[PDB]
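Number of protein chains: 4
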Amino acid sequence: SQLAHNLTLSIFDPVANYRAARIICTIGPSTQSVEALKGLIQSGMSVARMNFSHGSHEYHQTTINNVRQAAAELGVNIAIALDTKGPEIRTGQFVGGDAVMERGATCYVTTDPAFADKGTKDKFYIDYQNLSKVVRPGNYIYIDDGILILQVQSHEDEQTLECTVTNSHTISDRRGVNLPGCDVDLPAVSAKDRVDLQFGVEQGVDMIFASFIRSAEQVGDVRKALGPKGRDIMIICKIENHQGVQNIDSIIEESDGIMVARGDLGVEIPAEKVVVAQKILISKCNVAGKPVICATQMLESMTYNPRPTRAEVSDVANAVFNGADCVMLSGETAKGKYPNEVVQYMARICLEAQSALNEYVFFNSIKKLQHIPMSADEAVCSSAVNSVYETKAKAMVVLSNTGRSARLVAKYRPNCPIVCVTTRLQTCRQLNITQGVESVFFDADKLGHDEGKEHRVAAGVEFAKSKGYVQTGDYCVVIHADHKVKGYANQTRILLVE
Amino acid sequence: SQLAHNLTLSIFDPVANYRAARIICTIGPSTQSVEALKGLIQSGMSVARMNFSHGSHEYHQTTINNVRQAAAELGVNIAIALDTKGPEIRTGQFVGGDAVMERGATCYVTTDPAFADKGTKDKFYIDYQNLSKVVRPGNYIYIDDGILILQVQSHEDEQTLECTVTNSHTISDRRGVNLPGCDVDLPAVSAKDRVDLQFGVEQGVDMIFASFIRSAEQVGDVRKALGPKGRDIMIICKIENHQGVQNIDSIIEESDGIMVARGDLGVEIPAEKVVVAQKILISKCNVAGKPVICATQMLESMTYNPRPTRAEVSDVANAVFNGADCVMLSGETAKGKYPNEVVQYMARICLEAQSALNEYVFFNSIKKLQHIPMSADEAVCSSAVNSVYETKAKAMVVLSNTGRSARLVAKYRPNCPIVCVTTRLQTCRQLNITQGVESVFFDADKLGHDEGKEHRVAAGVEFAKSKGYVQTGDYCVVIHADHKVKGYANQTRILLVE
Amino acid sequence: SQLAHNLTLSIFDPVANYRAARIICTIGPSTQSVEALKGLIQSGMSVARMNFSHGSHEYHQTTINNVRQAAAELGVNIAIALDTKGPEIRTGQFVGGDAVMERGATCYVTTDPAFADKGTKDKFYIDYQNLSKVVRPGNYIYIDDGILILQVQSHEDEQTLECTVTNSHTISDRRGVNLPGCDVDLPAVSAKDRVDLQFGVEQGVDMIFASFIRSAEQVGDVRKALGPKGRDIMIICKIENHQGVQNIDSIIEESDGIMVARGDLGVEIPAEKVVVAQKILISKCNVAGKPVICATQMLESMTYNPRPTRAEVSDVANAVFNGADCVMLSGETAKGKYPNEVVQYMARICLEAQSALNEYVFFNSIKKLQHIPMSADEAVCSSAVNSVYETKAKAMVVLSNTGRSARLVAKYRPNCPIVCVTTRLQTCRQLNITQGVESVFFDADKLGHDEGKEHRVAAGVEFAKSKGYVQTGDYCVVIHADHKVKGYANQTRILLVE
Amino acid sequence: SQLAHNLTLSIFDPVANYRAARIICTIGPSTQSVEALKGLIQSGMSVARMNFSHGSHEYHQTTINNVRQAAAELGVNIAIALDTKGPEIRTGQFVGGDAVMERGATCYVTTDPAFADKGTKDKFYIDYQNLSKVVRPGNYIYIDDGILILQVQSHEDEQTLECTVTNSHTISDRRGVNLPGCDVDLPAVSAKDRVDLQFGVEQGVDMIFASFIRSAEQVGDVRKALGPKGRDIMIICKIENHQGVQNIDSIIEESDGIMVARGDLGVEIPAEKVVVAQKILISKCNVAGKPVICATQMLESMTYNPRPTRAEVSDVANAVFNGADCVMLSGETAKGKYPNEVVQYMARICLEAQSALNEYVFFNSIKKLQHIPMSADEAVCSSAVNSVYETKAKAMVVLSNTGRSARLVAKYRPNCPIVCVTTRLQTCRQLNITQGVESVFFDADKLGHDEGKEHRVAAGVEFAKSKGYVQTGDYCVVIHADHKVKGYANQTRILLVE
Ligand SMILES: O=P(O)(O)OC[C@H]1O[C@@](CO)(OP(=O)(O)O)[C@@H](O)[C@@H]1O
Ligand SMILES: O=P(O)(O)OC[C@H]1O[C@@](CO)(OP(=O)(O)O)[C@@H](O)[C@@H]1O
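Protein chains in written order, with PDB author numbering: chain J, 1 to 498; chain H, 1 to 498; chain I, 1 to 498; chain A, 1 to 498.
Just so you know, these hints were derived from the structure itself, not from any lab. Careful: at least some of the hints might be erroneous.
Same chains, same names: a pair is fine if it fits in one copy or spans any two.
As the list claims (entries may be wrong) - Think about it this way: if two alpha-carbon atoms lie no more than 20 Å apart in a straight line, the pair counts; the simulated SDA-like pairs of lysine to any residue are:
(1) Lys121 <-> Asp144
(2) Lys484 <-> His455
(3) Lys284 <-> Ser10
(4) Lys335 <-> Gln61
(5) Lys367 <-> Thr8
(6) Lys394 <-> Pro373
(7) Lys284 <-> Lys367
(8) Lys453 <-> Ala481
(9) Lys337 <-> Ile147
(10) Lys367 <-> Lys392
(11) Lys284 <-> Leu357
(12) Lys118 <-> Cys107
(13) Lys392 <-> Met374
(14) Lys486 <-> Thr472
Make a model of the complete structure from these sequences and hints.
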C-alpha cells in the first residue's frame, strides 16, 4: 500500500544517479541569449518552448538559432517546441483608452463591429462573433484574467447582450475574455497559427504544443495544416478548457501527448478541480503510453526570488508522483530573475521525488490496465522491464528509429535508465519529452545500416558505461528485433557487461 | 489502486456537505481585532495560534481575549494554541551596526562573551556557548536565514572557530544561526518559555505547539513545566530539525500530536527532503491516532495577492491527500493583506481534495497497521466505522469527555461527519485539531450526568439533523458505553433517525 | 496465498479444542437401537437422518423415539431430519421375473400401462408417463444404477420408444431409471411424500432433506405442503440432477440450505463434474450464509472395513476445506459393520483439516462478497468476528431465538467457538447443521424473559468456561440487542472473563 | 479469490485441446503384454513403472522390452521407471505356518536370529536388528498392514521386547512391520536394491522411484550407487514415512523430484494427515520447479469395477488442483480388470479439472515465491510465460537438451501447450513426468547441430501446427539462446505463425 511504503522512506536516502523526469523551459527575454541558454541546458533543460502568443517569427527565429547553437556547443540534443498563440477572445477599445466598471451597473456587450473603437462602460465590443449563440441568461462572462465578472441577463438583440456587473473593476483596451459555462467554437487554428504552423515546419521544429484543444477533429485539422512535410512532428495537446477535459479520451487517441495547461484551465474550470483533472489526465496518458506534461505556476515565486515556497516544492514533487513525463517552466524562465536557479531547483525536487517513487508498483499497475492480448512488441517491452526488476538490471538498451519503441518501454517504468539508440536526430530531440530515457545517435550513413544490430547495441552499452550506470558484471536488458523481423522489436536479451 | 481510482474522478463531482480538515491561523497585527477574528472564524478558522517569538504576554493576552470574545459572539468554540519562541542561536552585535562578509575571506566566530557588542567581519560572537563542542571541521554554519554560509576550518581555541566565508553577504546585528549537520543541545525550554508556559496555563490555553523538539525527554520536560494545573493541555510537537526527525517514534509516543514545521525544517534539512519527511510523519501520526499538522509557506503569495499560485494550491491539496488533520497559516494571516480570502481559499481546496480522497482505502490501510490484540474500545471504533461503510450511514455520534474516544474514531476515517458529544468545553476546543469531527457541548451541571446516555445521544443526533447531515430514515452509527462499563466505550449501535 | 500458507503447516501441529464441522448419520438397521444411537452421539453425530425411501412410517417412528430417548439420556440435543423418498422412475416387471439385454439388440420402451406386468427384452414398461415428451433421438436412458445404457433411436409411437442396447446387462424387475440429458418433470412431491411431509410435521421433525429439487417453485410447493404447522421446519434442498444445478441461485434463495447429493448427481452429471459442482455450491451457500452439506461415498469402504482408504480421508478433508458446514454418512451408518468407528474417523479428519484451515482468509473472502449496504445486524456480526481476530478472543456468545443470529455469525468464520444461547430447543437442534456453533438452552418460562440480557449472557459465558474455551482474563465477544431494539442484534461487546 | 472464481465455472465449459497432467502406470500381469501396453499408451500412459518389490530382473526385463516395442510401434517415447523394493522389516516364520494373536495377551518379539524359523504366539522374530534401540516403552509396533497392533511394554533383554497385544488377529509367516513413532535406520539401499540399481543403469532406465527416502544423505547414496554411467538418471524420492516428511526441504534439494507415496505414508502417519502432507509437498515441489507425483488408491475400485467411486474421482481432480505434475496407477493397472478404462477415466478427470484450474493465479503465485534476484534463464522463462498471457499465445516452444529449460518453463504454468525440442531421446522420456510439456526429438547427427536455432524452432512450430495448437496468425512464444550465449537460454521471441 502507499501507506506502508511511506513508512519505509527516509529523508537521508540517497538519490539516484539519473533523473527520469524532463524539464521544459519557455524562452523569453531573460533566456534568449546563447549564454543564457547554455546555462539552462546545464541547469537541466531538455526542451525549449517558444510561445507564439508573444514575439514574432523574427523573434522566435532568433530563439531557434540560439538553441541549436547552444546545444551544438554543448554536444547535446534539445527539442524545440512551438507553442501557438491560438484563437483568442478579446474586447475592443474603450473611449479615453479606459472604462470604469462598477458593481451593480448594467452594461451591453456587443459583437457589432461598428463598436470596436468606441466602447464605453455602457456598451462595448467583444470580438467573438458567435458570443450570443454560445451564451445564455445566467452564464458568466469573464474579462481581464477573470477579474471582472459580468453576468448575462438577456439578449438585447441578436448581437448584443445586456449584462449585470457583479464586481467592480476598471478595464483597459482589449482584455481577454473567457466563457466558463460555454462551449467556445473558435476554429482550432487561427489565421496567424496557420502562418504559425507553416513556419514551424519550415524551421524544422520537433513538436507543437497546440493551444486550447476542444476536440479530436481539431487535432486532425492541426495535423493537416502541418501537411506532408510536417508528418513527423508531434502534436502535443494542451487541455485548457471544459470541452477539452470532456473529450479527453478521443483527444488522447488523436494526439501524440498531452499538456495539463493549468493556467488557462484554472480560470475555465474551478481551480479546485484542476487537481482532479491533473490526476486523471496524467493517468490516462500513462496508461495509453503517451507523454504528459504538467504546466504553469509550478515555481512561480522564483520568477522573483532565489528560493521557492513550500507549496511550490510540493507541487513539483506531486506532479512526478502523479506520473508526469514532464514539468514545465513558463514565466520563471521567460522573464524571471533566476532562470538557472529555478531550473536547478526543479531538477533537484524531481530527483528527490523519484526516490520516493515506487517504480515497481507503477509498472504493475500500468501492466494490469492493458488490454489482453495487445501486441508482440508491447509484450516484449513489458516483460523486458519485468526482467529488469527480476535481475536488478542497472540499465536498459533499446533500438528505436521512430522513437516508438522507446516510448513503449518507458511506459513500463523500469527502475533503471533506459538507453535508446536511434538513427534519427529528431528522434533524439522528440524523446526529450519521454521520462526516463536517454538517446544515443547512431549515424547510419557513416556507420552503415547495422542489420545485425551489434553496433547499435555496443554503442548503447558503451554510453551506459560512460555515464556510469553499469560496470562489468552488471546486467543490461536489451530490446530489438531478431534477424528476420522488421518494423518492431520482437526480442529481449539479458546480457552481462564487460 | 490509486491509479485506477484517479480514473473515476471528475472535476464536476460535487463536493461534500462537510469539510473534514481543520485550519489553523496565526494571529498578528492583521488579525488581532475582534472584527478580524470574526472574519477568520466565518472564513473557516478552527484554531488560533499565538507565536511567542513575537509579541509579549501583554500582546498575546489581547489576542486571547479577543478570540474568546469573537467566538462567544458567534456561538462557537475556538481552540487557542501557544506557540513558543523556543531556544534561539543568535550572533552578537557588529561595530558600526553592520558587517560586510566577502566570499573567500577568513573570519573567527567566538563564544567568548567579551565580544557580544564588538564583533567585526574579522571576529564576532555567536551566543550558543556549546558551539565549539557541537561543530567539527567541514561542518557548515548558517547565518541570516541560511543566506550566509560559513564553513568551519578549525578550532582557533577552545571558544573560537576559524571559518571560511563560502558566499558574499552583508549581515546586520543579531542574526539567527543554524547548524545543519549538528546536534544542537539547547534545553527544551528557555527561560522565557518557562515564563511562557506558565502564562499559558494561567490563561487557560488549549494546546502548546512546542518548538524545536529534539527528544522524548524534552517533551517530558515540557509536560513537567506545565505542571499539575497544566495536565490536560495538549503538547503538540513541532519537528523542525534533524534530531527531531530521527527521534520521531519516541517523540510521537510522548506527544499528543505533531507539527511538520516546514519553514525551519527546510533549512535544517535539505528542502527536497521535507517532502519525504512530510509523508512519513503524517503517516506515522495517522497510524498512531494522533493529530498531525502541515505547516508553513502553504499559501505564501496570498500574503500579498488576492489569488494563490498553482504550486500553492497543489500543496494544500496534497497535504490532505497525505493524511493531515490540519493545515496552517502563518504570515498570510499574521501580517497579510487578505486574511479572510486566504482562509477561504484554503477551506475550498481542502473540500475539493476531500472529494478525491479515498476514505475507504484509508480506513482499511490504517486498520491493517494496528497490532493485535489492541483494545476493546479500539475495536469498537474501527468496526463501527466499518458499519458506517456497510450501511452507508450519513453520520456518526460519539460520546467523549476526555476527547479520547473521538480521536479514536476519527482515526478510522469514516466517510461521514462525526459528531462528538462532550461534557467539557475544552474538549470541544481541543478537538478542533482532529479531522472530521464536530463537537456538541452537553452541560452536565445543568442537565445532569446522563448515565443512561440517552440525552447526550439525542443531542448529537439533533445536531446532525440541524446541520443537515441526516434526515429521517437515515442511519446514524452511535458509540458509547453500555450501562455497566466505565472509562471507555464498549458499544456500537446502528439507529434509524426520525 | 494458499501456497505460502501450506508452507507454514506442520503435521505435528496440535489440533483444536473444538470441532467446527458437523456430522450427519443415516439411521438404519445397524443404528436404530438406542444403544447404537448412544454410541453414535458419543462418536460425534449431531444430526440423525431418516430416509423415507426405505422403511415406513412405522419403522421411522421407532427411529424418532429412539433418537429422542438416546439424546435425553445423554443430555444433548440432536436434530432429526426427514429424507424423503421423492419421485422415482422405475421399469415395470419382466416375464420370468428377469430380462436379458444384449449389446447391439433393439428393444422398445413404452409407457403404455397395459405392459407393467408383461415386459420382455423386446418391449417393457417405464412408469414415467411423460417419457416420450422429455426424450429425443440420440438421448440416453439409464437403467439399473446407470449400468444398462439404452440409446433412443426413434418414437415407434406416441407412448413407445425404439431403443438400441449399447452394452450387455441382465436386468430384473422394477429398476430405477435416469435421464441424463433430460429435464425430468415429475412433481416435486409424490403422493407418498405428501403423506411423508405431514408425518414429519406431526412427529415434530427439525428439517427436511428434500430430494431431487429441480426448481425454486418446487421448494415453495414443499413449504406449502408442510403448511402453517410446519413453518419453522427447515427445508434443505438436495441437488442431485442437472436442473437443480442449473437453477441453484434461485433454489438457494428459496431454501434454508443445500445438500450436495453426490450419489445421484454422479450419475446425472458426469462424475468428474461433481467436483466443480461441489466447489460452486458450497461457496454460494457460504456467501449466502446458509448451511451446506457434502454427501455420499465419503467413507464408503468403512461400510465393511475398520479403516478408510486414502481417497476417502482426502475426501472428508477437502469438503471442509471447500467450506462445508456438514459431512454426511449414508450406508456406512445405515447398514455398516463399524458405525461408531466410521463416525469417529470422520470427526478426527474434520478436526485435522480444521487446523490447516485458514479461518482468517475465509472471513475476509466472505466479507468482500457481501453487497453494501447489507444490514445492521450483518455488520454487527461481521465486525464482531473482526473483533475476535483483533483481540484473539477465545469464545463468542450470541443470543438467538430463531437461530438466525447464530447463522449470521457463523457465516463469518471466527477462529473460536461460537456459543449460542437460545430460548428454543428446536433452535438448538436446527443449529446442529451450522458449523462452529454450540447451543445452550435457556428456559424462558422457568427463568423469565431476560430482557436486559444479563442472564442469557451469563449462561453462555459459563458454558464456555465449562467446556474450557475460556479462563479468567480471556476475551469473550458478545452479540445481542441493546435495551431498546427488538428483532435483531444491534450490539457487540468485548468482555473480560472472570 | 478462489471463491469468486468458482462462481465463473460451468459444467458445460468445453475442455482443452491438451491434457497437461501426466499418467503413470505400474506394469504387472494384466499389462505386460505388448498389446496391453499399446492399449495403455493409447489410453494415456506416459510413464511405465516397474516395481522391484515384485518380480525379478527377468520379469522386469520383459517389461522393458515390451515397453520399448510397444512405444516403437506407436511412434512415441515412453519413460521407464524403476521402482525399488527397498529395505523391508518382516517377521520370521511361525510354528505350524501360522500364529493366533489374542487381544490382552503378552508376547515377546525378538531379533535373536535363532528364532527366525520357530516363532509362536509367545515369542517370534522380527528381522530388523536395531528394533530394540529404535523403540521405547509406549511405542506401537504394527504387523500385517498395520492390522495387528502390538504395544511395547519393556525390554525383556537386549534383543527382546515384551509386548501387549492390543487387538486380535491371526498372522501368518513373514508379515511386514511398521514403526510409526520410530525413526527406522535401515540403509537407503538394500543389497537387492544395489543389484537393482545396477540393472537399471544397464538396461538404460530413465528414472528411479526411490522407496522409503528418510534423508538427503540417502539420496546421495543412491546417486552414488548409480555411478558415473548413471548420472543422467533422475532420482525421484518417495515420501512414505515420518522422517521423510520431516526432512522434506533437504530431500527436495538433493532429489530431481518427489512422490507422495500415499499407501505407506498412510500407515506411517495418520491418514488424515496425508492430506496436509500432500498439499505441502506438492507446493514445495512447485515452488522449487521439480516434478511431483500423487500416488496410491487414486482409482482403487476400478481394479475390479468398470466405474469409479465419487471419492475417487474427486481425488484425481484435487491432486491436479493441488498442483501435481503426475498421477499414478498401481494395482489398478498391475493386476486389475480394466486397465485401459481406468487410465481413460483418469485422463478424462484430469482434463476436466484442468478447465477449472486457474493457470494464471498459479503463475503469479509461483512467481512471487521466487527469490530475487534469481537467474537470467529463470527470468526469461517467467517473463516469457507472462508474454503468453499478455498476447494470448496458443503455444510455446523451448529448446532443451538436458530438459532443464523445459522444466523451468513448465514451472510457470502457461495456459497453453509447451513444446520442447530436444536433441536427446532420453530427455523426451524424462520430460514425461513434467506437466504440460510435449517433446519433439531433433536428431543432431542426421540434421546437424543447428547453432542458429532456426531448424529446431521450425520443428517445434510445425509440431504445434500439426497437433492443432496453432494456426496462421497465432502467436507462438519461443525460448532459446541467442547466437553468442551457451548453456542456457537468454532469449524470448514472440513470433507470428504462418
Ligand atoms: O523505430 P522503432 O519503430 O522504435 O523500431 C525499432 C526496432 O526496429 C528494428 C527492427 O527493424 O530496427 P532496425 O531495423 O533499425 O534494427 C529493431 O532493431 C528496433 O528495435
Ligand atoms: O471521554 P472518553 O474518554 O472519550 O470517554 C467517553 C465514553 O465513556 C462513557 C462511559 O463512561 O462516558 P459517560 O459516562 O459520560 O457516558 C461513554 O458513554 C463515552 O462514550
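Checked hints:
no. : hint              : result
1   : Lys121 <-> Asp144 : within (14 Å within a copy, 49 Å between copies)
2   : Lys484 <-> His455 : both (17 Å within a copy, 14 Å between copies)
3   : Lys284 <-> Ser10  : between (30 Å within a copy, 13 Å between copies)
4   : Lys335 <-> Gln61  : within (18 Å within a copy, 46 Å between copies)
5   : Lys367 <-> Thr8   : between (24 Å within a copy, 18 Å between copies)
6   : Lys394 <-> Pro373 : between (29 Å within a copy, 11 Å between copies)
7   : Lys284 <-> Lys367 : within (13 Å within a copy, 28 Å between copies)
8   : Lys453 <-> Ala481 : both (8 Å within a copy, 16 Å between copies)
9   : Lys337 <-> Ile147 : between (27 Å within a copy, 17 Å between copies)
10  : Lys367 <-> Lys392 : both (19 Å within a copy, 15 Å between copies)
11  : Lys284 <-> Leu357 : both (18 Å within a copy, 18 Å between copies)
12  : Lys118 <-> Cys107 : within (14 Å within a copy, 65 Å between copies)
13  : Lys392 <-> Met374 : between (26 Å within a copy, 9 Å between copies)
14  : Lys486 <-> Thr472 : between (31 Å within a copy, 18 Å between copies)
Checked against the numbered hints above, the structure violates none of them.
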